[PDB]
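Given next are the chains, with one letter for each unit.
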Amino acid sequence: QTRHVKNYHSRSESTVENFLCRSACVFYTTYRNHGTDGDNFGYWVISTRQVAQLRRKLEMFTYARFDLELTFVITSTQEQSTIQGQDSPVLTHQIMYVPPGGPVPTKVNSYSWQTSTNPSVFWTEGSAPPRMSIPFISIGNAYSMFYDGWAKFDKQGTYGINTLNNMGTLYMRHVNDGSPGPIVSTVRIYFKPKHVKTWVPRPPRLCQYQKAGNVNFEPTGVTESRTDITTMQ
Amino acid sequence: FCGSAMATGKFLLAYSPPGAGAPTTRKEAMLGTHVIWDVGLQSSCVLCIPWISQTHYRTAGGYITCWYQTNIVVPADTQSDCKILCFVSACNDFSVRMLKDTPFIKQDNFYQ
Amino acid sequence: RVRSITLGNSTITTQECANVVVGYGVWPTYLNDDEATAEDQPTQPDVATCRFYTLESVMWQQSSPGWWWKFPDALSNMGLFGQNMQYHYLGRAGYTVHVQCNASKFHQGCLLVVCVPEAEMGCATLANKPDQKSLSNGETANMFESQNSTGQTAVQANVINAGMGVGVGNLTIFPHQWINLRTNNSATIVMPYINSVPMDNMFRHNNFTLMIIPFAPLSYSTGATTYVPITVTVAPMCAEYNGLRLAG
Amino acid sequence: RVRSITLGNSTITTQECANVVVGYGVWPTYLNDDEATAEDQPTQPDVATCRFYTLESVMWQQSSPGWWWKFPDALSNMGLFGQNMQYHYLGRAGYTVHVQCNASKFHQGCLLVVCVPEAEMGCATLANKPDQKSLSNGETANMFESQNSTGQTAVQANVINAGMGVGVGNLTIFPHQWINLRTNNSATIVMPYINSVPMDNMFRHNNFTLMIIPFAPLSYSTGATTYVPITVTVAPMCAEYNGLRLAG
Numbered sequence: 049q050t051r052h053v054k055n056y057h058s059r060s061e062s063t064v065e066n067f068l069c070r071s072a073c074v075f076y077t078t079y080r081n082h083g084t085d086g087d088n089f090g091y092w093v094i095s096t097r098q099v100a101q102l103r104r105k106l107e108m109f110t111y112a113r114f115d116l117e118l119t120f121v122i123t124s125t126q127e128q129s130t131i132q133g134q135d136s137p138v139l140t141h142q143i144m145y146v147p148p149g150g151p152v153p154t155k156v157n158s159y160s161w162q163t164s165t166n167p168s169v170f171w172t173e174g175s176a177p178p179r180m181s182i183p184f185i186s187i188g189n190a191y192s193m194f195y196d197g198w199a200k201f202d203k204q205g206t207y208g209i210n211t212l213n214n215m216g217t218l219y220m221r222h223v224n225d226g227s228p229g230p231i232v233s234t235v236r237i238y239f240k241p242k243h244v245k246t247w248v249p250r251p252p253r254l255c256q257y258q259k260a261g262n263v264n265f266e267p268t269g270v271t272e273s274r275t276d277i278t279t280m281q
Numbered sequence: 120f121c122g123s124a125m126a127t128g129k130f131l132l133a134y135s136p137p138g139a140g141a142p143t144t145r146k147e148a149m150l151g152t153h154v155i156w157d158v159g160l161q162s163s164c165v166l167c168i169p170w171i172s173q174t175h176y177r185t186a187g188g189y190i191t192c193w194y195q196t197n198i199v200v201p202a203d204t205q206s207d208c209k210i211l212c213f214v215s216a217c218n219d220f221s222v223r224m225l226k227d228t229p230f231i232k233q234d235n236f237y238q
Numbered sequence: 012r013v014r015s016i017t018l019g020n021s022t023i024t025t026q027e028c029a030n031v032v033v034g035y036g037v038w039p040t041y042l043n044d045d046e047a048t049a050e051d052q053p054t055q056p057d058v059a060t061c062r063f064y065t066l067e068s069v070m071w072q073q074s075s076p077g078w079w080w081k082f083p084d085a086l087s088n089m090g091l092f093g094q095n096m097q098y099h100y101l102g103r104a105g106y107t108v109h110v111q112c113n114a115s116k117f118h119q120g121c122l123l124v125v126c127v128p129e130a131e132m133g134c135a136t137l138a139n140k141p142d143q144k145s146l147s148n149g150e151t152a153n154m155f156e157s158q159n160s161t162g163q164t165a166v167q168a169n170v171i172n173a174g175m176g177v178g179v180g181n182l183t184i185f186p187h188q189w190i191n192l193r194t195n196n197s198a199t200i201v202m203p204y205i206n207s208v209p210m211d212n213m214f215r216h217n218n219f220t221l222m223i224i225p226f227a228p229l230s231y232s233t234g235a236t237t238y239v240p241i242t243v244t245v246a247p248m249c250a251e252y253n254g255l256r257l258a259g
Numbered sequence: 012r013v014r015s016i017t018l019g020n021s022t023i024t025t026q027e028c029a030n031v032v033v034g035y036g037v038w039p040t041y042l043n044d045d046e047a048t049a050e051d052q053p054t055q056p057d058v059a060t061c062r063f064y065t066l067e068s069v070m071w072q073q074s075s076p077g078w079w080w081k082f083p084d085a086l087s088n089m090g091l092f093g094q095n096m097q098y099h100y101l102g103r104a105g106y107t108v109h110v111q112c113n114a115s116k117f118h119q120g121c122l123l124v125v126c127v128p129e130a131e132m133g134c135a136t137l138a139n140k141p142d143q144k145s146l147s148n149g150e151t152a153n154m155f156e157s158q159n160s161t162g163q164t165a166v167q168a169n170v171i172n173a174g175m176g177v178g179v180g181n182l183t184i185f186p187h188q189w190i191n192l193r194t195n196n197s198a199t200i201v202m203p204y205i206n207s208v209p210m211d212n213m214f215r216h217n218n219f220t221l222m223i224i225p226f227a228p229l230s231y232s233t234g235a236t237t238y239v240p241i242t243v244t245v246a247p248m249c250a251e252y253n254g255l256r257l258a259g
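Residue numbers (the authors' numbering), protein chains in the order written: chain 1, 49 to 281; chain 3, 120 to 177, 185 to 238; chain 2, 12 to 259; chain 2', 12 to 259. A prime marks a further copy of an entry chain.
Don't take each hint at face value.
With the C-beta cut set under 7 angstroms, the calculated list includes, among others, these residues of chain 3 facing chain 1 [stated by the list, open to error]:
hint	residue
1	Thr144
2	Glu147
3	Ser172
4	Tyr176
5	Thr185
6	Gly187
7	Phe213
8	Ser215
9	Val222
10	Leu225
11	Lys226
12	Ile231
13	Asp234
14	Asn235
According to the in silico footprint, chain 2' covers these stretches of chain 2 (three or more CB under 8 angstroms from chain 2') [unchecked claim]:
hint	region
15	75-86
16	251-258
Hints were generated in silico from the structure; no laboratory data involved. Just so you know, even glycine gets a beta-carbon here, dropped at the ideal spot from N, CA and C.
The following block holds chain 1 by itself, in its conformation from the complex:
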């Protein structure tokens, strides 16, 4: 396969922009239209360390600076129930972006939903998927993909972590129940870095990731083994 072809020396998509500005699915959650105790809402703290592929690609660098172009694919399915004659009107969803240090919703009807400084997009089903962009929101000059330090020096568990990589939290809920029947919606957040700047390249990760908030690893071989060092027969 892939016979020898002419080399045109295309460096076009080897650039960091074309290497990282790829739209990847980083999260998906479900929430119901009716909730037992007002907990029928989805949420995701914006992190780049949950999907092992995007995490590896970003951790091939030490510092990064990009925008957060988020696309949400909300699909609702009607669950089986004994309720008859539902006839649900069209469903509207609210997606809130809580900026770093903003109020955090606790229930589906918390005051943090009806705030003013948290950007919220209201999207009705049947239209194009909603889309919002978050700028480089850090107060530092770049996002540190690695941190050889502590958030507090006198704390053991604060190693790494940093405090300037907080990109905010997303919150998703139903604006209207529609029908008196079970409806569950999946959000399927799609992440895409924009205008990426990267510094201090690093070796690619060799050991499989264990935790999203750790660099801890089980030691692994540098490569696969072979029978003989020489190519003799």
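Here the structure of chain 1 is known, so what remains is to put chains 3, 2 and 2' in place on it, guided by the hints.
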């Protein structure tokens, strides 16, 4: 070459073009593309390979081999053997055209 | 520093400021047409054969007499130029002979690296002629002896006479180079084509032989390697052959 | 008069004012570096292979269907260029195809001499692929049939479809030359290298095939020779191969 400064020897770094096959003797290596790496004169050797390319969408690629032209000669008796370190690098003429997922990372379940 | 030399698909490295002994003062050249001579003896050059050929290294030991190769025969199975000898009836070429020596500063010894033209050799038995195998083993070195050789058709390989019935110490009359391990480790002899005819059959005749004779025996300190490799690298120069095309 | 053409150590004679069909209007040329491209795909030309190769003549008879050769394979054992195919992984060359015909003025017949690029051929059995032997016999001509061929892995060699599932009378869309014995006896087709890639493996792929199909059957007067020789002479043009030397 990471031996002693007093060590002296010769190595035969042989490059086989794609499809040629790996040489089986030092003479076949000498009859092809090769360099005589003299340890006594220089402790490092640099080889640039012109025809690399990928081999699959998802043998017959070329070979590089080393042979004992001479033995390693030392003034005194060292119990441990000498070691050779290898380094690979990209020249300015690589292209890459179709980004894909790397096969060295796996995520079969969510972290939360 | 160190100089790298590439010929074709072969590369070797040689120290700069290393002396080169150029035959009898004559650099190898192509044959020249004599006042626009007729196409009755067409000549065909070959530049693909101008590459380094590295014979297997010979292990120089303490009680090690000399070695020799007969290079028309010593390159007769080295891919090209050997195929060229087999295919063409008449051949003509010069050679660049590189003799390397890998030894540390704790090694001793001196070598006479000499290229002897027309080195006709005697036989161990007086009323006999030495056979092809004893005279030239091809890419394999033929070894000198510390005493008289015995054999019906064996070469008289005693080193004192170099196999030619002369004084071995007088071998310096030929293009030679001394290798003193405390001073030298390399020898470069550029041998022009020497013959009584412009071209000759190569299987049938050896233009010259290279003799590597240790005059001062190899010595070393305790723990050092007891042997020392001697590598011979050969680059044919200005190889000509008889033209195979029709004159008209 | 008559023109004599010499390439290397081979000479042929052709009548002057004989038409030459130059492929698709493109004379074979060497590959060109694109704005001083890097030495990542070195190319090596060979001019010794630019010589005439004469296959064994095929006996044209009264009830004689066509013949065909696949020239990457048909020259795979013709000394050089065959050794070059064996030695080099990637190859590229054009060909000059001479098709002679020795007949008197008392002979009849017409021949379609056509060079078909990428002449992929079907199998006699529908759920099968034809084998190497049936597709191309090398220097030996493979013959068309007057009826459907039978065989598990045999080529469907019925002449009406030329083995490709098309109309044989429509084969003139390819570079061709008609040989009418009352008017012509020679055909010269210069075929440039045609492929979807600049270079490709030659054992693994046939660039084109030459089909010699008698449209008007051979005929003769009583006493004249009942057969007529058809000689195919091939000169590879602008043969390139992948460079075997080290890039640095």
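Hints and how they fare:
no.: 1; hint: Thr144; result: 10 angstroms, violated
no.: 2; hint: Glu147; result: 12 angstroms, violated
no.: 3; hint: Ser172; result: 5 angstroms, holds
no.: 4; hint: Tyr176; result: 5 angstroms, holds
no.: 5; hint: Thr185; result: 10 angstroms, violated
no.: 6; hint: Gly187; result: 10 angstroms, violated
no.: 7; hint: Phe213; result: 14 angstroms, violated
no.: 8; hint: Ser215; result: 14 angstroms, violated
no.: 9; hint: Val222; result: 5 angstroms, holds
no.: 10; hint: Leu225; result: 6 angstroms, holds
no.: 11; hint: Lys226; result: 10 angstroms, violated
no.: 12; hint: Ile231; result: 5 angstroms, holds
no.: 13; hint: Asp234; result: 9 angstroms, violated
no.: 14; hint: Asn235; result: 10 angstroms, violated
no.: 15; hint: 75-86; result: violated (count 0)
no.: 16; hint: 251-258; result: holds (count 3)
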